[PDB]
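**Q** Following the hints, put chains B, C, D and E in place on chain A, whose structure we already have.
Each chain is listed here by its residues.
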Amino acid sequence: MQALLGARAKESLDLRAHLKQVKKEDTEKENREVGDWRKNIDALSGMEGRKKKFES
Amino acid sequence: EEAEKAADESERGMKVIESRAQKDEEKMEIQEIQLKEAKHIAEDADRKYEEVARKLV
Amino acid sequence: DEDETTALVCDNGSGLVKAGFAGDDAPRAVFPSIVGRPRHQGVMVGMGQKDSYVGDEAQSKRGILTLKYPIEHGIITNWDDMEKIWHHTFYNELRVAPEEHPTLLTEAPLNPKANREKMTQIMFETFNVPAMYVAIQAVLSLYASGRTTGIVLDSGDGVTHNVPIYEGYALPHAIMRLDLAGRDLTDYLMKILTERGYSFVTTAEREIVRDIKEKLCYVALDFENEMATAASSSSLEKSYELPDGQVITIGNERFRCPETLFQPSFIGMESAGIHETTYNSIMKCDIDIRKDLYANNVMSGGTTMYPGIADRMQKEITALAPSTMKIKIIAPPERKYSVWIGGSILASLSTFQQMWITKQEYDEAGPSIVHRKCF
Amino acid sequence: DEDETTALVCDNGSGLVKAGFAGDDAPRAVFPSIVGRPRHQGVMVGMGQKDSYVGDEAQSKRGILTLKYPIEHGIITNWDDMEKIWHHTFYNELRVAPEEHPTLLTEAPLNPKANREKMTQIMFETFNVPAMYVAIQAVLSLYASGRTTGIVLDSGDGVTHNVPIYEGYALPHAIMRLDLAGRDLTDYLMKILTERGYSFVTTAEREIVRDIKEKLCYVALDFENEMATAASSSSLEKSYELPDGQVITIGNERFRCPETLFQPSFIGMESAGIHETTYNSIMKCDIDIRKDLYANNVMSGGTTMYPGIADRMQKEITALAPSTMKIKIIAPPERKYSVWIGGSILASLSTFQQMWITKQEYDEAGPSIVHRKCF
Amino acid sequence: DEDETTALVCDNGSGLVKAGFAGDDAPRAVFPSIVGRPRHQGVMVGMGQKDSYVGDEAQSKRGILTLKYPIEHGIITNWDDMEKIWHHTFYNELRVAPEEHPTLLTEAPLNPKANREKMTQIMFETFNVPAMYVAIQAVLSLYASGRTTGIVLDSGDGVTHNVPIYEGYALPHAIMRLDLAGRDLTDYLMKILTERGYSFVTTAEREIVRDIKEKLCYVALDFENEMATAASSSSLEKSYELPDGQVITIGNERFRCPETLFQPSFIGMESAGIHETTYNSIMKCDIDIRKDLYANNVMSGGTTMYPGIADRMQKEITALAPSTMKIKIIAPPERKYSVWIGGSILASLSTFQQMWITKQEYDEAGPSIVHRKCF
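Chains as they are written, first to last, in the numbering used here: chain A, 1 to 56; chain B, 1001 to 1057; chain C, 2001 to 2375; chain D, 3001 to 3375; chain E, 4001 to 4375.
This is chain A alone, in the form it adopts within the complex:
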């Protein structure tokens, strides 16, 4: 009896997991190449005197 319902469930999960894998493949393939920068501030610390430019 249950062959048709089994096949229907199988095809449903197959298509869903298919779309899912189409996503997760290139998801995991590139998941560290997507980093960012540090954004540090100088805080005017590395100068031991007056600047050479006109602003100081």
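Heads up, a few of these hints could be off.
Listed below are the simulated DSSO-like cross-link pairs for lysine-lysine, each with C-alpha atoms no more than 27 Å apart in a straight line [unchecked claim]:
#1 A:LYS24 <-> C:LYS2336
#2 A:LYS20 <-> C:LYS2336
#3 D:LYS3215 <-> B:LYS1036
#4 E:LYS4291 <-> E:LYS4359
#5 B:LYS1005 <-> C:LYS2328
#6 A:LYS10 <-> B:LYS1005
#7 A:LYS39 <-> C:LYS2328
Rather than coming from a laboratory, the hints here were simulated on the basis of the structure.
**A** Leaving out everything else, chains B, C, D and E in the frame of chain A:
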């Protein structure tokens, strides 16, 4: 992500068994119809039994 | 920096441009779709200062710039500004010259033809891209969201397209393209913020309102009850920090703007709203299609990022839908990035490699070839 | 699946093909005589999909397909489509094929001869069957029914044959063929359901109304009394579930469709109905035959599943028939399947083993051989 | 006030509503089938302004109204709005109250029963008309044409009817009622013009497109040759003036939209098109009745004004039709108005005075009487 994924896997499990419950609900309903009809016939065949058996007599 | 000639992927709207490479799961950079221009007379010299600023340059220097975008309601009308956006996107942030990489661009299914045709022409003639392919935003949304069947609800900055797809096929007669979008929500919010005493009339102010909307606004599930308390008490207000250190508190405006999606009359639009519009796309499809579309309303794009929207849409659609039937909304975290991601997917699939216009076919036929090769 | 070279049997109509192997009393599976084709443009890739769908595939994916039937009134008009249906029937689902098995086909006595010639050619040249026989559907019904005598109303999908058989012999002068069958009854039903506000035009809709007929309709022993109540009271109405969760409520249309069997004028046919037709097949036979045919009215094929048909037919014939005479009706549970079943019986009978056309005689004579060797 | 109590005659379509009195050769007035309602908040007081507008009022004040159509695919779905239309049509504009005159309305012969029943009910219960008769639209087309025999293909805004009539008799088994119509051509044109860069979605925009269609579109008897040039050169484009002074030009789209009547797939419809339905209305009739229907293809209703439709409907039928046979299209100036004119003709016949439902019989039987007395 893993807990949600677990939730999704748990829903996927659930959807197979919810779908199974539904397949069984559908089969039950089909079978309920077949029961009222199988029993309808049990009775109808007996109704006809009596109509024909009465004619037999 | 890539070790393969992977396709470049860009999703270009009236809001922002998301760009990166095929095979990735996020854009490498996001830019506003903006070219900025100074609106003041320079006084000092030796100050650098550009004639025009692009993308993030335009945003970083926005205090004195008027900011214009090339895309209106989904269509590029100013190709020169997109050329500048793409040059910056590709060469400075993605660090790639398109000459060695094929490119995938996107448009809505009923977008005027000039969009896909001009995009094809610029990438082949000013960037010398080896191949081109203009994708359907609805296709990309379905791959990224894990579906083949459903209603794509992109509700973006430009338009809401409302397009049904079944088994990977278009059902174009049932597309309810709607002139209700994120840019109208930004405009509506500033009018109601004006009612509260805060004037937002310049570009910098406009972009701030857009930022306020994105962080403070929501739809919730019951407008009238939410308004009954939001309009009565400060307990439902939220402060937003303006760049100069001052704040604005937003009360029922926090939801009255987003409500426009369900009540388009708020911006003067002749429409029943997104839940009824979604419903109509389903109702215009055959009954053996409808069951799968009801169970698969899928959110993509943007504005689908409002709190309560996936849950209110399910409530509003199930309220219009026949009984027995199961109504569900898919609203993945790949929100706002899912069209771009789908672009990455379509480009990385082996099932798509035959779909590219090459820079041979292109020159023999001209840019009109896009209408024979893409969709 | 099978360990012997048993004959295969296929009952191919404009509805479905019943198929299985000889020396069963039921088909192994049913294969709708349908080839489905998409009526929509694909947008997504990596979606699988077929160029064409057959049988149950055609029905399962029907939401976007147009569904066509290769057989009209018992005649194959499109045999390329039947070869695809047959390939699926044999190699994918029944797991048997003419290539390793002899094959029996079921046909009406006045089926245009060219139709048997083409089916004969296909099974011998496309499926390489070692042998063939085309049998009379009335014969098959009589074997399945336990009779050698009777009027067989084979109720096909596109035509009803109505042939009297006595002591195993045909009485062809008394055949009363009628261009009325289950598919025409469906047409009447959809027109009257259209009057109620439920039009059925497109493929999904065409399949639904056929399904409504099969599950809700009946003939009843007395049409006028059934209507006096059904046309007056909601207690005779039944709500049928449509695929999208909506329902259709049907009243006296529930019996007016089936009634076309007794009233062919309902669909524009110049006929007095199946009971008059049965009556004439009996009445045109010699008087020493008539008594045995009155005692043996054999219902077969489809539409005989309608409640009240055994009583409606016996009473109408009795009314037309001479008095004293006993009019009897055969309407076994082997209904709709009895033609296929008879094919199994005939193919397997020891008395029939020499009745097969071999694939020797076939090539020497060509396909026209069926006209000399079968009937 | 009138010389005689002749019937008032009114043809209520999904597009236009037309009325005048029985015995004349034209309606006095034509109105769109519209009831309009303000979609804006009023600010000035003492500006007049109605809560709802009817017919030409609704179209004339449309700048701030949303306009609804009470009739779809040939039937009334909103009887309250039709009540407003009938009051305006008969009393405000023809200056005759139905109370003192019989009223003749119309509907297709396979038009859902609820509509012919509701028209009968409203005119008797809200207008107190002394008598009613709902005409068969095909009959009226034949009366206006001066034919008793032919296929009436009325290609209106709502539904295409396709009915064969021979010697004043219908052949109902051969009616191909089809849900393909002028309203779909208008929406298709809004979408194709969007593709050209001229988006149309709102009521005002739809009314502009309907005006563009009515002045610029055509069918083309040979569309392949026509599009080969129209799609290649601006010399085939025609300019249209929009209400605000804008100019739109249309090329092959100018005939591609009307082409949908032959190519229904353009709007997602599963159909053979109007020429094949004409063919089947002829072909499904007996052979002694087809030789007259082939020679009498009767064109009626609106959309019939497109140049090339008559020749395009005759060429396609000729191609489907048997050789030797003469195929002829009848396409009189009384086009689009032929049903109203036929209504006037029917109403004035002396033999038609025995066909009326009186406002006596109506109350004794109720509105279901329309099926006992009209059709």
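**Q** Which numbered conditions among the earlier hints are violated in the structure presented, ordered from lowest to highest?
**A** Numbers 4 and 7 - these are the hints that the structure violates, sorted from lowest upward.
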